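Enquirer: Each chain, written out:
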Amino acid sequence: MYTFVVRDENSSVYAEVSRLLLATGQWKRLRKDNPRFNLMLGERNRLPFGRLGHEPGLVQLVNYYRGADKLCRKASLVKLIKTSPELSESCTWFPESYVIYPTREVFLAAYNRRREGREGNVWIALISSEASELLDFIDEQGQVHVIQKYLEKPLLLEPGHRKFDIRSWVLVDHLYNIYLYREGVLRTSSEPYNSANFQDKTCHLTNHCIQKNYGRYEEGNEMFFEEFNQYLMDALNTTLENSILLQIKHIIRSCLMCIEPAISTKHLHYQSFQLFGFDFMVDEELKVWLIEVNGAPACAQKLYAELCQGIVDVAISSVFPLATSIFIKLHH
Amino acid sequence: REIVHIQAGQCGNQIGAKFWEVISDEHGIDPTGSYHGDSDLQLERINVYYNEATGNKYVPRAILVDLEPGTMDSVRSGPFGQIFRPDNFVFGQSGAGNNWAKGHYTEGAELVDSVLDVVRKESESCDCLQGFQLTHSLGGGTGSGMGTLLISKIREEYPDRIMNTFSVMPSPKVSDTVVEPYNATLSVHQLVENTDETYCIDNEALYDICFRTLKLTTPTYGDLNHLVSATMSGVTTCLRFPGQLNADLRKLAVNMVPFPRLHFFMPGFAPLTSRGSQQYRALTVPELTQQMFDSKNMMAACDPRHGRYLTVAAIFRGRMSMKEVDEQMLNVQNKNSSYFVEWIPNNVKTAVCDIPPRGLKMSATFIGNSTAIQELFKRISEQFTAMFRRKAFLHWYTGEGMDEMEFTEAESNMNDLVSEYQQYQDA
Amino acid sequence: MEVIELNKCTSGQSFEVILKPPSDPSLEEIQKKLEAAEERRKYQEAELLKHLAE
Amino acid sequence: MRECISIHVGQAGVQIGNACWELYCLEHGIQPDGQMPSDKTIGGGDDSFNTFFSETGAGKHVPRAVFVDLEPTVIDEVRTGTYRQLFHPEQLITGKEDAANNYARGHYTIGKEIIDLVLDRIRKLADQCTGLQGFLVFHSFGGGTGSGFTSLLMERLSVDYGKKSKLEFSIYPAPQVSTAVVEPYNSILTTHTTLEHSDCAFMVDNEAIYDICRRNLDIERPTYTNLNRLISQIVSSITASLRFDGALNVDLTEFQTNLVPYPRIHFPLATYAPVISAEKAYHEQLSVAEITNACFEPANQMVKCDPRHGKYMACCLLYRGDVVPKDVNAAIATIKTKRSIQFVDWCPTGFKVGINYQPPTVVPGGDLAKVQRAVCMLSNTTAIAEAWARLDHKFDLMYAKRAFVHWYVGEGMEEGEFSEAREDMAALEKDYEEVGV
Ligand SMILES: Nc1nc2c(ncn2[C@@H]2O[C@H](COP(=O)(O)OP(=O)(O)OP(=O)(O)O)[C@@H](O)[C@H]2O)c(=O)[nH]1
Ligand SMILES: Nc1nc2c(ncn2[C@@H]2O[C@H](COP(=O)(O)OP(=O)(O)O)[C@@H](O)[C@H]2O)c(=O)[nH]1
Ligand SMILES: COc1cc(C(=O)c2c[nH]c(-c3ccc(C)cc3)n2)cc(OC)c1OC
Ligand SMILES: [Ca+2]
Ligand SMILES: [Mg+2]
Ligand SMILES: [Mg+2]
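Residue numbers (the deposited numbering), protein chains in the order written: chain F, 1 to 103, 128 to 149, 161 to 247, 252 to 362, 372 to 380; chain B, 2 to 428; chain E, 6 to 28, 44 to 74; chain A, 1 to 437.
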């Protein structure tokens, strides 16, 4: 009988993993603060990593990678991409970004040749086109967010000239195998895209909730992979694998192999896995760009069952075995 | 670090005599007090329980107390009877009549100073006396009433020493008289205040183990005392043989007792064996661990799954893998973690001794401070109240000078102890 | 990678190598603590002896 | 030459002192009767090993050491053991009844009655010194003596020797070999009272030593003898600079100077490699690069923690054996490119290296193999604060219900010292966090 605890009840993904674990008859749930656990589905902030791996007679495993926040915060992601020699020169897949503070000179250096280059020049935080229209926006927020070149020419779906981003779910196990879930999701804009003015906002960024017209073309603004591949075949005479998926796999592999020395638990007294959510957007040249990396992602409703079973199969039962694969292994 | 042993009353002297028989055999001492054993480990810590006499004889640091001579003449005529110092036999003649008041206030008051004189003479011979251990029952008169009077007076003269008792709890299944709940309730009031460690040996548990497990249809006191002596040998293993801990009474009290009143331990033993019958199959370390935590091996009739463990001490005896002992002990805590309070980290301690007891190739002794011991006191409290509500049999006590108020106060202190054990069961 | 302050001898050597430059209580107070704790012990002892006298 | 006095308090301190002084004797060619043939200045001297050994006219080299325990059994084994002739009887101080795993009993009750005797015996060694540096104090966190009496002793040594440096070798409690359930209490109480009286303290988690013995020595169930002989090797590499010719860490003040820029953050992490079993039939001897790389594996640390998620304030490398600077700098360059070594912004990113050419000595018939070269890394990393977090958590679980507190109050301590000590530990955890991020 393996034992586990649950310390983030707001987790849609790991609430389902708990029931899957309980329905095995070989996993018993304990109280949050019971230290005698095999597995920890830990909290999101201030996870006590320093308390793991000091229980004699217990192999301990955690659903988070200590240090993975350097990839999952917009500020540190930008800093990691510019400073790491593994990325900076040949980072054609990350949009030019700069870290701003509300209390820069490098940021204006590019926007001043944009001012004397006569090309598109809209950036993003919550968008504007003039530099100081967001500089005032920054100093009143009181926190820190990145400035980021906005993609003026995105790939638009037909019918309806719609914008979209792609969400890929990636599972990294205790051996630092990188498992890409074969099912992604396109989060669409159920509104036609408008380049004229950025004051009308709820058509530019395709948040699954900021679409509070809606569900016109597909349910919940979710287009899954089989149809988008079929659309790419019909419209563009190409496949999702060749036009987009090769770059997505390259970006995921690149980002995770970079921080591998800093977060690996290979010879550590406790072990780590983590489910990530990579957010991409594609321009009209079928070029993939990385938006953000979410360290505590939520799955689409159709895939909660299949993905959470895979988390148990690959990341949990591999360490704690009990009495065809849905993942694509990214080699390294 | 010497211990002074005291046995009081019929039960206290009968289990006390059995204790001295068993450990004398373990240390290679013969009924005459001469050491004809083979191992130097049998004498390294014989200082704890034996005084050295002229001619290199070993004399138990034991004091034998009773208000009537019948049982103590039976001890002198017994197998190991001549090993005791004759001056340490301190007896009256009037008896106690199974009356706590006679032992505590009247008949015992006549004799108590003569006992304390022998305690003082044994204490002055001690290099560094660490404390006292008492064997007695709580349902009678002498061991119950005079035993607790002795404990109060010993604490008065040795306030910084450890007081440890082996207290036999009464049960209607093994019952001499109807006033046993009265004597036990008055005694528990004394034990809560004036002892640091009390092994609760429930005659109900001893009967059930003899009946159901040991397959004895009508067990005697001699069959019950076989279980007591084997348990007393195990809980004193660390005192009598060298180990990694350098164990003593105070360190046990410090580590087992998180709150001074909750010091009533559940003893346990494995494997469970009857007299004459001999084990043939030695137990696996996994079997030793499973049985020692079994409710059916507990010497207090309480269900451990009805409470939680504050602390546990376990002592393994024999030649075995200390790695296997560590994994099996960790296995019980990890697989039953809900039954160990989470606010006392690492509350199970394990000791291993190489020399096994007579007859067994390996054994295991369990000592638990569980909140389930409240079931024992609740049982006594029920039988107490079923009579006190009608003031039944009280004239035996008011005739010796006691007031009803003392019964009410003793009932309230034990009911307080029950709710205090319940306080920590939900935490 | 700068190697500095190399000192050698029969037994061995030592040096620093730089990859990158930078970017009480008194005796009486103790005696009055150990003695305050002793009086607290003696108060508890006297409280027990008064209880036992009752 | 400047002398150093070692003080061993409680069972853990005494038994580790035996291991270290047995090792010192083998390293310096000192004989169990105290004779040292290689010493040509009979009756005295100011050689480097004289920092730890004084001399008699009969040629006996006696440790500048005092052993103290509140209970006789462990020091009695020194009085009758293989090195009984090495120690002058007045250096071995025993009481009759110990602190019973109670910090307050060791500090207040029993410690007040013996503290004056100890300081006088310590004074008898100090008077034999022409220029005393300070003290090296060996003790456990968990014992009542090792915690309670040491703190009182450290308090007094600041009064009587306020000019002298004081280093600690502290055994951090681990459930696999611990003896008391209240060891988190004792650890917090003794760290609070001792914090300002210690200049540099090397914590050794018994759990780390236990697993190193299990993993690298194939010892199924390690004993104190297994742990202590490994610990003695690490202590030896740390003190080797005080006992041998050299330019690095020649003096106790240099330990603070090189390892402790912030006074309260004075707990450097020690990492040792290689640990190789004597029973290994075929062993490929590990190079400078391999053993230096091993210094950054948490499996070789004296405390299990993750330095990648902290920041370095200092870093020392202490090699013994066949090592030349060229190989060290080459190994450091390779490691720097493959590992997360972040220093604080106000300290240089650099290693202080010391090399002694004599390979490590091992006890004959012991568990460790003779190696061609070894290294002990001393790094002051914020990541060691994980051990404080673990300890403070177990403290908070017990103290929330006031469990066992009556044993301490009953010895004269006030409940408020628990929260005062805990407050200090909370401040200590904040100091590591400000420096660490
Ligand atoms: N590494 C190591 N740890 C030890 C040794 N002896 C005891 N310990 C640890 O020290 C802690 C107990 O403290 P002790 O030193 O034994 O107790 P003490 O200092 O003599 O104080 P008392 O309570 O009076 O006995 C436990 O965590 C033990 O694991 C030893 O020889 N080596
Ligand atoms: N286990 C055990 N219990 C006993 C023995 N003798 C008496 N008792 C119990 O002790 C109580 C009687 O007390 P007893 O010791 O005979 O009276 P005392 O002589 O005044 O101390 C009853 O509950 C008996 O069941 C014995 O030898 N073994
Ligand atoms: C007097 O007889 C004994 C003494 C001791 C003992 O001195 C000692 C030290 N430490 C601990 C201890 C106990 C419980 C917990 C949770 C933690 C530590 N007990 C241990 C014994 O057997 C385990 C023993 O035999 C019953
Ligand atoms: Ca000389
Ligand atoms: Mg009777
Ligand atoms: Mg000790």
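Please note: incorrect hints may appear among the correct ones.
To be verified - Here are the simulated BS3-like cross-link-like pairs (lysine-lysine), alpha carbons at most 30 Å apart as the crow flies: (1) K338(A) - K28(F); (2) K326(A) - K25(E); (3) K53(E) - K336(A); (4) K40(A) - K70(F); (5) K112(A) - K62(E); (6) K401(A) - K25(E); (7) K326(A) - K13(E); (8) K326(F) - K188(F); (9) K79(F) - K326(A); (10) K28(F) - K324(B); (11) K288(F) - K401(A); (12) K52(E) - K112(A); (13) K336(A) - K13(E); (14) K401(A) - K74(F); (15) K25(E) - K336(A).
In case anyone wonders, no lab produced these hints; they're calculated from the structure.
Enquirer: Checking one constraint from the list: CA of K401(A) to CA of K25(E), max 30 Å. Satisfied?
Expert: violated, 50 Å
Enquirer: Decide if the proposed pair is consistent with the structure: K40(A) and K70(F), CA atoms, cutoff 30 Å inclusive.
Expert: Violated, because 62 Å separates the two Cα atoms, which is more than 30 Å.
Enquirer: Taking 30 Å as the top limit, are the C-alpha atoms of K326(A) and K25(E) close enough?
Expert: holds, 19 Å
Enquirer: Does the structure keep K338(A) and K28(F) at a Cα separation of 30 Å or less?
Expert: violated, 40 Å
Enquirer: Need the status of pair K53(E), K336(A): alpha-carbon distance at most 30 Å?
Expert: Violated, at about 51 Å.
Enquirer: Measure nothing beyond the straight line between the CA atoms of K28(F) and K324(B); if it is 30 Å or shorter, mark the hint as holding.
Expert: holds, 26 Å
Enquirer: Against the 30 Å threshold, does the CA-CA distance of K79(F) and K326(A) hold or violate the hint?
Expert: violated, 35 Å
Enquirer: Does the structure keep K326(A) and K13(E) at a Cα separation of 30 Å or less?
Expert: At roughly 14 Å apart (the allowed maximum being 30 Å), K13(E) and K326(A) satisfy the hint.
Enquirer: Does the alpha-carbon distance linking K401(A) and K74(F) stay inside the 30 Å limit?
Expert: violated, 43 Å
Enquirer: Taking only the CA atoms, is the gap from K288(F) to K401(A) under or equal to 30 Å?
Expert: Between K288(F) and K401(A) the Cα gap is close to 53 Å, so the pair fails against 30 Å, i.e. violated.
Enquirer: Would you mind confirming whether the straight-line C-alpha gap from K52(E) to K112(A) stays at or under 30 Å?
Expert: The hint holds at about 11 Å.
Enquirer: Taking only the CA atoms, is the gap from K112(A) to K62(E) under or equal to 30 Å?
Expert: holds, 15 Å
The structure shown violates the earlier hints numbered 1, 3, 4, 6, 9, 11 and 14.
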